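Q: Spelled out from the first residue to the last, the chains are:
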Amino acid sequence: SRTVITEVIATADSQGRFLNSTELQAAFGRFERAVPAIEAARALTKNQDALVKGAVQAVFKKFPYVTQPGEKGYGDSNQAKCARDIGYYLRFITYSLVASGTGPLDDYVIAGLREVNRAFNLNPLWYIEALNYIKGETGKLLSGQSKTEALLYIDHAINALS
Amino acid sequence: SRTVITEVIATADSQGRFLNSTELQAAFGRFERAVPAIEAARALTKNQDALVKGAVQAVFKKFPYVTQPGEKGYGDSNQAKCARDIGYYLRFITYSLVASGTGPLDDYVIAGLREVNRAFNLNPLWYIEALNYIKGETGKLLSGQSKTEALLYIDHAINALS
Amino acid sequence: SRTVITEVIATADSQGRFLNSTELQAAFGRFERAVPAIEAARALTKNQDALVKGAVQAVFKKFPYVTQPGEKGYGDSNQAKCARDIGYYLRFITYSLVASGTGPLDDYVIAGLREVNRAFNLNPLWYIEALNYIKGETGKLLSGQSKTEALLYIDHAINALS
Amino acid sequence: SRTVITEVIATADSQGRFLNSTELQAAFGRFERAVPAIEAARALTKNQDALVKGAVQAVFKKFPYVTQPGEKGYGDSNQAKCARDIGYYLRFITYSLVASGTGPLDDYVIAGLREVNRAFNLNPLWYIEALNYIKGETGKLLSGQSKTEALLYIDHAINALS
Amino acid sequence: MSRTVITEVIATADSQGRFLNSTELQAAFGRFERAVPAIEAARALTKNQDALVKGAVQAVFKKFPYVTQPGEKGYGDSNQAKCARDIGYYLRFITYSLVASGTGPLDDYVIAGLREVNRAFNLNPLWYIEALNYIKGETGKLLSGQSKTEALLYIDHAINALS
Amino acid sequence: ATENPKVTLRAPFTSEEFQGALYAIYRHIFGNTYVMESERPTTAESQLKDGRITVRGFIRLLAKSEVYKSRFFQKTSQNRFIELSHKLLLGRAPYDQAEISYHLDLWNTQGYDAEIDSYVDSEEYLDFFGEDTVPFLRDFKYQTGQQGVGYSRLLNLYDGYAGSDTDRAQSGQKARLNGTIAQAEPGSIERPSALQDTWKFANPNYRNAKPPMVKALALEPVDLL
Amino acid sequence: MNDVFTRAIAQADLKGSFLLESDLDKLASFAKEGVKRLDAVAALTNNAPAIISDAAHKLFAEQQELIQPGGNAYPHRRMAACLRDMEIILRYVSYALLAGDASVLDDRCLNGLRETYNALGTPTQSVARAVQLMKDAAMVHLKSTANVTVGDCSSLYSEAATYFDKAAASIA
Amino acid sequence: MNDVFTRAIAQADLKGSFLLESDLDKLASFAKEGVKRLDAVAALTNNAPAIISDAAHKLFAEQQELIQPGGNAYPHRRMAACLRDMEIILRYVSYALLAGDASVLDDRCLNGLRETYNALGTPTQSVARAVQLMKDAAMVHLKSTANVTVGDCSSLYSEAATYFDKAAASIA
Amino acid sequence: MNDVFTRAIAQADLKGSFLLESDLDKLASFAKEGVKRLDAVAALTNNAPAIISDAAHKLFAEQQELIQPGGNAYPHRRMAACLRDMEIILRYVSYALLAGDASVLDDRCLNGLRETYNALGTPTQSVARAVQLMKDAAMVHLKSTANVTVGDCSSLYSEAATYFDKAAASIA
Amino acid sequence: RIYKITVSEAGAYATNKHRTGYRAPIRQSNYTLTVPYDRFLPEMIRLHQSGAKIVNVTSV
Ligand SMILES: CCC1=C(C)/C(=C/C2=NC(=C\c3[nH]c(/C=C4\NC(=O)[C@H](C)[C@H]4CC)c(C)c3CCC(=O)O)/C(CCC(=O)O)=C2C)NC1=O
Ligand SMILES: CCC1=C(C)/C(=C/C2=NC(=C\c3[nH]c(/C=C4\NC(=O)[C@H](C)[C@H]4CC)c(C)c3CCC(=O)O)/C(CCC(=O)O)=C2C)NC1=O
Ligand SMILES: CCC1=C(C)/C(=C/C2=NC(=C\c3[nH]c(/C=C4\NC(=O)[C@H](C)[C@H]4CC)c(C)c3CCC(=O)O)/C(CCC(=O)O)=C2C)NC1=O
Ligand SMILES: CCC1=C(C)/C(=C/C2=NC(=C\c3[nH]c(/C=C4\NC(=O)[C@H](C)[C@H]4CC)c(C)c3CCC(=O)O)/C(CCC(=O)O)=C2C)NC1=O
Ligand SMILES: CCC1=C(C)/C(=C/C2=NC(=C\c3[nH]c(/C=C4\NC(=O)[C@H](C)[C@H]4CC)c(C)c3CCC(=O)O)/C(CCC(=O)O)=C2C)NC1=O
Ligand SMILES: CCC1=C(C)/C(=C/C2=NC(=C\c3[nH]c(/C=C4\NC(=O)[C@H](C)[C@H]4CC)c(C)c3CCC(=O)O)/C(CCC(=O)O)=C2C)NC1=O
Ligand SMILES: CCC1=C(C)/C(=C/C2=NC(=C\c3[nH]c(/C=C4\NC(=O)[C@H](C)[C@H]4CC)c(C)c3CCC(=O)O)/C(CCC(=O)O)=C2C)NC1=O
Ligand SMILES: CCC1=C(C)/C(=C/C2=NC(=C\c3[nH]c(/C=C4\NC(=O)[C@H](C)[C@H]4CC)c(C)c3CCC(=O)O)/C(CCC(=O)O)=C2C)NC1=O
Ligand SMILES: CCC1=C(C)/C(=C/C2=NC(=C\c3[nH]c(/C=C4\NC(=O)[C@H](C)[C@H]4CC)c(C)c3CCC(=O)O)/C(CCC(=O)O)=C2C)NC1=O
Ligand SMILES: CCC1=C(C)/C(=C/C2=NC(=C\c3[nH]c(/C=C4\NC(=O)[C@H](C)[C@H]4CC)c(C)c3CCC(=O)O)/C(CCC(=O)O)=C2C)NC1=O
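Protein chains in written order, with our numbering: chain S, -2 to 159; chain L, -2 to 159; chain E, -2 to 159; chain W, -2 to 159; chain B, 43 to 205; chain G, 1036 to 1260; chain P, 193 to 364; chain R, 193 to 364; chain X, 193 to 364; chain U, 142 to 201.
Take these hints with a grain of salt, some might be off.
What the hints assert, rightly or not - Here are the simulated DSS-like cross-link-like pairs (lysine-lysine), alpha carbons at most 30 angstroms apart as the crow flies: (1) B:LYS124 to P:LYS207; (2) G:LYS1099 to G:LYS1084; (3) E:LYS58 to L:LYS69; (4) E:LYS132 to L:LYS69; (5) L:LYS50 to E:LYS69; (6) E:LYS69 to L:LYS132; (7) X:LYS250 to L:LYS132; (8) G:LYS1176 to P:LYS250; (9) R:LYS250 to B:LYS124; (10) B:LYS89 to P:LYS224.
What the hints assert, rightly or not - Derived list of chain G stretches under chain X, where covered just means 3 residues or more per stretch with a C-beta under 8 angstroms from a C-beta of chain X: (11) 1198 to 1209; (12) 1227 to 1237.
To be verified - Computed, partial: chain R to chain X, Cβ under 8 angstroms: (13) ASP205; (14) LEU206; (15) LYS207; (16) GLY208.
Just so you know, the hints here were simulated from the structure itself, not pulled from any lab data.
Virtual Cβ for every residue (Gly too), placed ideally from N, Cα, C.
Please model the entire structure based on the sequences and the hints provided.
A: Written out as structure tokens, the structure is:
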């Protein structure tokens, strides 16, 4: 996936050249960023369940009409799919934090997202609200540099939803 | 010129996208590496006279025939050309250190280097010996990671010549 | 190879058409010059050994330092490879005389010449000196249009080296 | 315009190289075949009126239906146009002889031939018969290589017509 | 392969990656409305084919009195018999175009490669233009209305190609 | 298909952009074959650097050069040439036998350069590459004008990142799609040998049912109840 | 790509004579029913999102291994690819329905499609199942008698069924 | 591409040696007879439409099946293709006759032509027959004594026949 | 093309699972040894001309048949392609060394290399020998204590050895 | 002969790009294309078909 190391290697390769000093400094920056990013991944993995259930409840609070019958969020199966989707998003955010790139989000979430949302009439505002709750909670589960990394990736997902 | 910020902007721009986590990680790595690089630039700037004089002398030691009549090292104009060229190499190396990238060396030295040397019958091995002397003397001048930064740039120049 | 008959046929083939009068007049010129060119090729083949010995000696005369220990010409293997290389150049000059075209020289020497000379650190000036000796010595031989025929190809090789 | 010397220059111009032994030998063939081509041009241009009138009468013989009323040959202006056109063909064959290339015929007759011959209902077999007449006369007005030159260019025009 | 109204419709929609919208169905409805006069013209031409072939051969002979003479293309029984064969080919490709409501059969069988084959075998396109003008004349005697119009348009396309 | 970026070159550019564009261009247009320094076109890229020609004009020049002709024309059938030119100039494989007929007739009547211009002046080339981006293999992702056979045929034409279209094969420069395009068959999807170890544990044919060792019969009421 | 008329013309040309009276009667009848044919093609065109949503929902109900991690429709990219393929195959089926022939479908759409799916690791049997479900939804929409003059169209339903079944058989 | 000279050069290079005096004498003989060779090539070039028309006339006299409906030269498109293939093969035989080596014919014209014809459905036997007919029609023009110095040119006849035979054997 | 991180991510995704504690520990250990990895990659990059030079010298001393007329490195064009191949293999080995995964080699460097060499008739055993000589020359520059901090980098040595062996084994 | 055609893309080109889409990156409005004589007519026909408007044509 498109991560710092992979971009480095692929850009150098498509230009038929070795890895220069700039590319190695990018790699060094990635290796330094690994510590806060992996600690943030640890924090979001540890608290995944409360995070996702709170995010689903936040979605239902901002979008009360959804739970009523005849629309998307009525019924146990639909809400279970909701929790599964937000779990997917959180999982891929943690993958991005580990890889230090938007690669996993781009490959697994961002690509083809709008077409799927139109095909199944899934409103992106739902997922944006869930990610906003995740953002608010990771503001209280992390601190310092890890907080900034997690926020970076969550905002990346939000910006690509809107 | 090819710098870390340059590669960031170019890669994010060709894909028509805003900057993101991987790109800012590379920029952070560059800004972190800046301090040893500017340290090395200051160190090489203070010792340009001794470094260039010693490099010229090392070239004449390694290729004595150069100084004999009928060859390239005969005449004070040619000696001044030699010292001038080595001063150019050192100056562009410090430029590379400051910009944190092989951009200056690439644009101002490497591009066109082969055909220029072929046209004027300049032997690359002369410049490789000069740069090897400078590489040796950076160890006695620099210590830490500044030495490593200077060495990657000098080795880049040497590889470009080789 | 790209000999006169071959660009004749290649142009006709590219243009999707038969051979017209221009093509056949070029071919007639080839068949006309085929007599001095084969006379020259025969003379060079007959004097190959003396030409190679003299060329190697001239190279060592213009570049004495090469034969010094620690240099590319020191030893027996290196000088044997020198004679091997000069025999190669002479052989392909005779081929290009016979074929009436620089095709053999372009395909067996000139293509890949710079890369190879660079990797193995072979000075093209050695080979230019040896080819100039070949030129001088074929001046003594080959009175007439055979002289011009041979010198065109020797100068083509020289220009490729420079 | 397409001549031997023109292709000589154009190949090297495409390849970005100086003219070489191959192209120089082709030009030599052109220069040596100049003299019978110029002699053929002299013979063809001296006898132009007789050839034109004989060719017009040959066409009217081979195609008797052309002369009778309602056709392309009934009319003094039409027959003047006939003489004009056959003289055009003769002049451009002389040009091709002089240039040692089919370029004047290619540019001035062959290009845009069938479209206009169709738009004006000019049957190409008329001009084929006229050119065969010119061929039969040039069989006697010429001898040796000039005969072959004129025959080659007349045959080129004929094959361009059919 | 054959440039029929349905075919340009479908190929156009396909090059744009879209379904057949209202305009394409407009065109298709038009073609299906053509097909009554067009099929009637095809039927009339198929029935009257033999007289058309004989008359076209004769009209070419009259318009080119010399060709039948010895030493020329029209001389010989085989040459005239497969003159008739060629005129039959042209007539049934005209019927094909009428049925398909497109020059596709004409463009694909006779028109493509027409000039090179004529040149190689030294056949004057004017002979065939004369035969087609003859059939164009007989069309008014055999057809009427839009059926006449369609047949005339296809014969005219064949002539313009031969021109 | 996914990792190498589409290389685009505009009127003003720096040194590294220019050099990388040239590397990508030479690695695509000349197949994956080694182009020696003596073969490198200098005036064409000087005109590209000036802005006299676009990247499209540079592609046109290169496809008309003796490198391209010596590799993909002079020792080939016309079928092989048309396959190669579709792959390298249009980023796809020929879809129909009519395309081969069209291009063979175009070269026979109007010459080689009219053929190259038919490739580069085509609306398909300009739709996908315009004047500034280097041509890339483009049928590995679905596009508005693709056909069922296109993916398979491009896969047949593409020999891997370390493979190339070289005349220096001992068997020569041979057409591989000449029999399949005529018969309207798909291309071959056999990939190189270094990819056998990749993702071994996937089970795409999961729904497929394993047959029984012996078909069950019903002797008394018939043998399929 | 040829229609019913060009098919008849090619068959006549192979034997090398005129279209017989029976052939012309067939083709005139086809053109007479072409209005109903246009209605059927409009039914397929206006209801494509409905048909493909229905087919996708049924397909991922029957086959859950497709939409779960590791499945071939798992991430949005491959899910979008799946729905795109459904769009494409429905599009070519409607093309063939308008043409009155399945030459456009076979030649342009389904010819290397099994080879593509086999090279990508896509279950061709699942694709065939999706085409069957999409045929069923399409046949529900084709039979709709609202907004359109009532009359027999059984031949059209059978023909659309053959086009979908041929697509399925070609993929699987 | 190879002429006789390049073939000799490649053969000598494989063993890594200068060309022998015998080889130089053979190439000198080739260059000496180059003028007769040029006349032969001009005879082929100048009479190509005649050669091809004669060959096509005879071929379609022998083989009516080609020009019948359902035959492989029936419409003007396939007939144009037949004539074009004849002219291309003749062109390449003339190229080879000029070069003295059939490498151009093998590489460009005959590289994959048999299986291309098989895939198309072309009777390779009839193509070989057409190449034989062009050989016979061309031989008449090669032995035309008019407009040229008289001499023995039997070797050129043999070589041209060998190139025609090589084409006819590679095709079928 | 994957690094170690994206390989771990793909495995976890196949499980449908967040990365485990132990997986994150192994990944943080990889990223903490990162500077030694960078020094090793820089040692490969900076000494590449020396590596290819001495590897080629040893190879053409051992296998003289490669540079004989008729060998596979004989003309300058073949020798230049040989040196380009050695350069490329070393470059991709350094890519793999930085990535920590050998996915770049089989995705890119060796994607069709064996088929290429079999088509060209290159002796794959000589290419394996060349890659082995490049491994031998590389190990001297990797182990060089000069001008870097002293520490244990033996795992990097083993990893580079495995990458070189993978290239050699895929070629041969 | 060589012809320099200064073309400025306009709303007729903008609508075509809005329908078809940018398979290639967006570029500025006005630019010059240098063509030979042989390509001149196809170049003009193509620019007209795409909706692009020529500012002018100069010879050289
Ligand atoms: C430089 C090369 C060149 C050629 C060869 C050429 C031929 C030529 N002849 C023409 C007229 C004509 N040419 C003829 C020739 C016929 N007269 C009969 O006695 C014969 C059967 C036959 C001649 C063998 C006739 C009848 C016309 C007038 C008919 C018409 O314009 O449609 C025209 C139409 C414009 C005009 O001149 O009035 C052209 C283009 N033009 C060129 O620019
Ligand atoms: C993915 C990166 C990549 C690789 C790996 C690659 C390898 C590669 N090597 C090639 C040729 C070659 N490779 C070699 C090298 C071998 N022969 C000698 O015996 C040596 C023992 C040995 C090298 C150590 C030679 C000699 C050729 C030229 C073959 C010929 O011209 O006949 C070619 C054919 C290109 C052409 O000739 O136009 C490729 C594609 N290309 C790539 O883009
Ligand atoms: C790898 C990344 C990935 C994601 C994120 C993803 C989301 C996703 N969710 C889906 C279903 C769904 N998802 C939802 C989510 C809704 N439930 C309501 O309670 C909420 C308001 C709301 C969520 C905030 C619903 C209702 C469905 C069922 C829609 C249907 O009827 O098909 C579907 C359709 C396929 C299926 O039936 O399972 C996708 C593709 N798929 C992926 O492959
Ligand atoms: C014009 C005719 C035409 C068609 C129809 C066509 C289909 C097609 N489908 C593709 C991929 C795909 N197709 C599917 C759909 C299948 N997999 C799911 O499991 C379902 C069971 C099933 C659909 C019901 C999927 C998931 C992919 C992506 C596979 C991958 O990328 O690994 C691809 C590869 C390129 C791409 O990813 O866009 C093509 C070319 N191409 C054409 O030129
Ligand atoms: C924009 C393209 C277009 C459309 C949409 C179109 C529809 C159309 N349908 C018609 C009748 C009809 N339409 C149908 C078709 C229906 N029968 C069953 O209910 C089926 C559900 C369904 C088709 C599968 C039938 C049976 C008729 C009556 C027969 C006839 O008049 O042709 C008519 C003739 C006038 C009428 O009787 O109302 C038109 C114009 N024509 C067009 O040019
Ligand atoms: C696809 C439809 C098609 C057409 C139209 C067609 C025409 C046609 N007619 C031919 C023969 C011929 N055609 C003619 C011309 C006719 N004979 C004379 O009585 C008349 C003056 C004149 C017609 C008005 C002649 C004289 C020949 C035999 C001589 C030759 O073509 O070389 C030939 C050469 C092959 C052969 O039949 O032997 C073709 C291609 N062929 C086709 O496959
Ligand atoms: C540059 C060297 C070269 C050649 C010559 C070549 C031949 C060639 N002949 C072709 C078709 C053809 N070739 C022929 C000719 C044959 N059929 C007739 O019956 C005769 C027996 C015989 C000629 C004497 C025909 C009729 C076609 C059309 C086949 C078809 O459409 O089914 C085609 C496919 C293009 C098309 O369909 O028009 C090629 C590529 N390919 C090459 O790369
Ligand atoms: C512009 C293009 C061009 C052509 C066409 C050309 C042909 C050419 N043919 C020649 C003679 C000749 N030509 C022939 C060939 C003929 N002998 C038999 O009659 C055969 C039927 C026939 C074989 C095709 C022969 C045998 C000679 C005599 C050469 C000699 O005795 O050495 C000569 C020598 C001068 C002379 O005729 O006195 C030339 C230059 N040269 C050119 O520059
Ligand atoms: C067919 C065309 C062709 C040429 C021309 C050619 C030359 C050539 N000579 C070489 C070696 C060499 N050649 C020389 C020549 C030097 N010896 C001294 O006496 C002189 C000053 C000087 C020559 C004038 C030397 C020293 C080497 C060994 C270089 C090394 O091993 O690093 C090499 C490197 C591979 C090897 O060890 O054989 C090549 C490629 N090879 C070819 O395939
Ligand atoms: C500009 C690109 C760049 C490079 C090249 C780079 C290398 C680099 N090498 C380092 C030390 C080191 N370098 C090595 C590697 C060497 N040790 C020897 O034994 C081996 C021969 C060899 C490889 C095993 C080791 C073992 C260390 C100390 C380990 C550590 O720093 O934690 C350090 C940390 C210095 C310290 O904290 O004391 C850096 C940053 N950093 C960069 O940003």
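Q: Could you run down the list of hints and mark each one as holding or not?
A: Hint check results:
no. : hint                   : verdict
1   : B:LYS124 to P:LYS207   : holds, 18 angstroms
2   : G:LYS1099 to G:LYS1084 : holds, 19 angstroms
3   : E:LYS58 to L:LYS69     : holds, 17 angstroms
4   : E:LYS132 to L:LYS69    : holds, 25 angstroms
5   : L:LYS50 to E:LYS69     : holds, 28 angstroms
6   : E:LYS69 to L:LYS132    : holds, 25 angstroms
7   : X:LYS250 to L:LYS132   : holds, 28 angstroms
8   : G:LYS1176 to P:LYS250  : holds, 27 angstroms
9   : R:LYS250 to B:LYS124   : holds, 16 angstroms
10  : B:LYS89 to P:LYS224    : holds, 23 angstroms
11  : 1198 to 1209           : holds (count 7)
12  : 1227 to 1237           : holds (count 6)
13  : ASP205                 : holds, 6 angstroms
14  : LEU206                 : holds, 5 angstroms
15  : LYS207                 : holds, 7 angstroms
16  : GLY208                 : holds, 3 angstroms
Checked against the numbered hints listed earlier, the structure breaks none of them; every hint is satisfied.
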